[PDB]
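Based on the hints, put chain A' in the right spot on chain A.
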Amino acid sequence: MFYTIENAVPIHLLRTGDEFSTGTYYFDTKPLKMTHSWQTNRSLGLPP
Amino acid sequence: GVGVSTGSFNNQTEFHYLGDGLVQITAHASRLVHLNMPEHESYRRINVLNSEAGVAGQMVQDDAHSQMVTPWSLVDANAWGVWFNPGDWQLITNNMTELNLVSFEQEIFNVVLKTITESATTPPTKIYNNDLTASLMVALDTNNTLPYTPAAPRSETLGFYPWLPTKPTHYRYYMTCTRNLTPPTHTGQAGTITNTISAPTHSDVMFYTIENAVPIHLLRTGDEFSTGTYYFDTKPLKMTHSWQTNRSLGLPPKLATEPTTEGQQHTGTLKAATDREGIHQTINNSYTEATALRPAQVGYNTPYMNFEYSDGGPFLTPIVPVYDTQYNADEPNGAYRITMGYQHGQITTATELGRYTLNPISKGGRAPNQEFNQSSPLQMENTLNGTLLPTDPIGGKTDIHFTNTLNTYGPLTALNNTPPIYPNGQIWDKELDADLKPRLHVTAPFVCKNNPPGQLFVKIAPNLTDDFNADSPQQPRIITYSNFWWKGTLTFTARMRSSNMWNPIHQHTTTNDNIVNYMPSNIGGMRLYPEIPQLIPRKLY
Numbered sequence: 243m244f245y246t247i248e249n250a251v252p253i254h255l256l257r258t259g260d261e262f263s264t265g266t267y268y269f270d271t272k273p274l275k276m277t278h279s280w281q282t283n284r285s286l287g288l289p290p
Numbered sequence: 038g039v040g041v042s043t044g045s046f047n048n049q050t051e052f053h054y055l056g057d058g059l060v061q062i063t064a065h066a067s068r069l070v071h072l073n074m075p076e077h078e079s080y081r082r083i084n085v086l087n088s089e090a091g092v093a094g095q096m097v098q099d100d101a102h103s104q105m106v107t108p109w110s111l112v113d114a115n116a117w118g119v120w121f122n123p124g125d126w127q128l129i130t131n132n133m134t135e136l137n138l139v140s141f142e143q144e145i146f147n148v149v150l151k152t153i154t155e156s157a158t159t160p161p162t163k164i165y166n167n168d169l170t171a172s173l174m175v176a177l178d179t180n181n182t183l184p185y186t187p188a189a190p191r192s193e194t195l196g197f198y199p200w201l202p203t204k205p206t207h208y209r210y211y212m213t214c215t216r217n218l219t220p221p222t223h224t225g226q227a228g229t230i231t232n233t234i235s236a237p238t239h240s241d242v243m244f245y246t247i248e249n250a251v252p253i254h255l256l257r258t259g260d261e262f263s264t265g266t267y268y269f270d271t272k273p274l275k276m277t278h279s280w281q282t283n284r285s286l287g288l289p290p291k292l293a294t295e296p297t298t299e300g301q302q303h304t305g306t307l308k309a310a311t312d313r314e315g316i317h318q319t320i321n322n323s324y325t326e327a328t329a330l331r332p333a334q335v336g337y338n339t340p341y342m343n344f345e346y347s348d349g350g351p352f353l354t355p356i357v358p359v360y361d362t363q364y365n366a367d368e369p370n371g372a373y374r375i376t377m378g379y380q381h382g383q384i385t386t387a388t389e390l391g392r393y394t395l396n397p398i399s400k401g402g403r404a405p406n407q408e409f410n411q412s413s414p415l416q417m418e419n420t421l422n423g424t425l426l427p428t429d430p431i432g433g434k435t436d437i438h439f440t441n442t443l444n445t446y447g448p449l450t451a452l453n454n455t456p457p458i459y460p461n462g463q464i465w466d467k468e469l470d471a472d473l474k475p476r477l478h479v480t481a482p483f484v485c486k487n488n489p490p491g492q493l494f495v496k497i498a499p500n501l502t503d504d505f506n507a508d509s510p511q512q513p514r515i516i517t518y519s520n521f522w523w524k525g526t527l528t529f530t531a532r533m534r535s536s537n538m539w540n541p542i543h544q545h546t547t548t549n550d551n552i553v554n555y556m557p558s559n560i561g562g563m564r565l566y567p568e569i570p571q572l573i574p575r576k577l578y
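Protein chains in written order, with the deposited numbering: chain A, 243 to 290; chain A', 38 to 578. A prime marks a further copy of an entry chain.
If we strip away everything but chain A, and leave its shape as in the complex, we get:
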């Protein structure tokens, strides 16, 4: 599977006064949860 860069993506030549602006990519991801969980199977449910 031999991908060359020239035959795949169009390439903008840029002189010394350039401005190459990528368009605003909008993600579609799951929301991460920074809150870690501590409960385990000796900590789930109702204690005796």
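Think of the hints as simulated: they come from the structure by calculation, not from any bench.
Just to be clear, a hint being listed does not mean it is correct.
25 Å max Cα-Cα, derived SDA-like pairs, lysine to any residue [stated by the list, open to error]:
1) A'/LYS291 - A'/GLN302
2) A'/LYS474 - A'/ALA451
3) A'/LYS275 - A'/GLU51
4) A'/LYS486 - A'/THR530
5) A'/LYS308 - A'/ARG284
6) A/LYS275 - A'/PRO475
7) A/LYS272 - A'/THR271
8) A/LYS272 - A'/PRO475
9) A'/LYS474 - A/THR277
10) A/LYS275 - A'/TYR210
11) A'/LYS400 - A'/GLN544
12) A/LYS272 - A'/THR182
13) A/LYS275 - A'/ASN488
14) A/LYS275 - A'/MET243
15) A/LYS275 - A'/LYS474
16) A/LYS275 - A'/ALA471
17) A/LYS275 - A'/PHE244
18) A'/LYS474 - A'/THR445
19) A'/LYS272 - A'/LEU577
20) A/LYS272 - A'/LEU477
21) A'/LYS275 - A'/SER536
22) A/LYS275 - A'/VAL242
23) A'/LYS486 - A/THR282
24) A'/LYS524 - A'/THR50
25) A'/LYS474 - A'/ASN488
26) A'/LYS576 - A'/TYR446
27) A'/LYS204 - A/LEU288
28) A/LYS275 - A'/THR182
29) A/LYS272 - A'/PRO448
Here is chain A' on its own, set in the frame of chain A:
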């Protein structure tokens, strides 16, 4: 005004037959809930240990945890027999394929607060003065800010009888425990094992108090505390159990020798092994029926009795419950062994508590003494060293077979859900707030993807003695109790079954040796022995 009633006792399960088969099982429940006062109003983090696991070999007997005992009492609806007498649960195991779950509302009404008072005469005489001015604290956790602790796996729900007055149980939840139990040993030798619970780590100690989390409605003796109608969003359960297995999926091979005589002692004979045709998963030429081409396996070999060990402690891996083989094993298939109280079943005489080792009847389970494994080439009439029979030890341990370690949960593993257990099982359950959600819960068949319904915390407000309340650890109080009714309404939704076949299926009958399990005796002894659920059969393919 005190002398005006506030609610209606109601316990009829209206089967409101809608169109096209759908029904709307509106199940009411109403029980007198006798609340005693809290013995202490201070919050207590009680570490629990035991000397039983500190001696070598009793490491299943592991009761040690860290418990957060709160004075609040929890009124729980999350159990099946609260809503369903056996006359109405016979109607749903006979006739309903699916059960959706729709609505839920709670209501505390008609509270009766009383003061008990001791007089000093020659017997202990107690005078029940009526409190017109005292209050009790209710707290509907409408966001589930508190840890959701269902009382069904501890059999600590409201009692399943209408006339018998129930009791609410004390709300308590697990605090962080950092368990030290290694080394894990045998029983025979002695080891220098360390059985201590350590100091709780700083990053995870999670102390929920009830007052600073949920707003609390004080209620005098003419109250009416109405929970709003909670609307569920659950998967539709399927009461119809599946019987098809990988020796029963697909199209059977055609036979040339068909029988002639009456009676199933004579068997039809198939074609030759090497002469049959079709798609096949091995290299060898002969197409037997064992090695066939089946869409996906039903069930999965759990590594059973497998004590995992997490920051909490040692624990057994929960197995998806499924119908055992013809050889009753029930331990690698996840049996239920539900011990009840005298509010939950159990004829109220001098005996100990009833047991009922149960299973569902969805035929997807395996046996550990009936399995085997082979080498990579197939080789019928197999070599002694090429096939792993379950007589073989693992590491020199003769009672332990390959299936104790062997797991076969591949991606193509079809699986039936948890059976609902009656009357003692759990109805709904909180979705585990994790990044990877589990596919099914073994504790309860209905899963609430949204915020689960609000558990209800009830506690008597402190009725205080004349004695001072500053610079004192424990204050004296007026001893008191309460009698508040509790009305629920759990609106199901279910589809009627349609018989698309010839022979009549197994319905939940009533035999001559079964009416004693359904009728009161000369004393008043009642019983709620279980019902083996999921009776209607269905095809899995």
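(Q) Tell me the hint numbers this structure goes against, listed in increasing order. (A) Violated hints: none; all satisfied.
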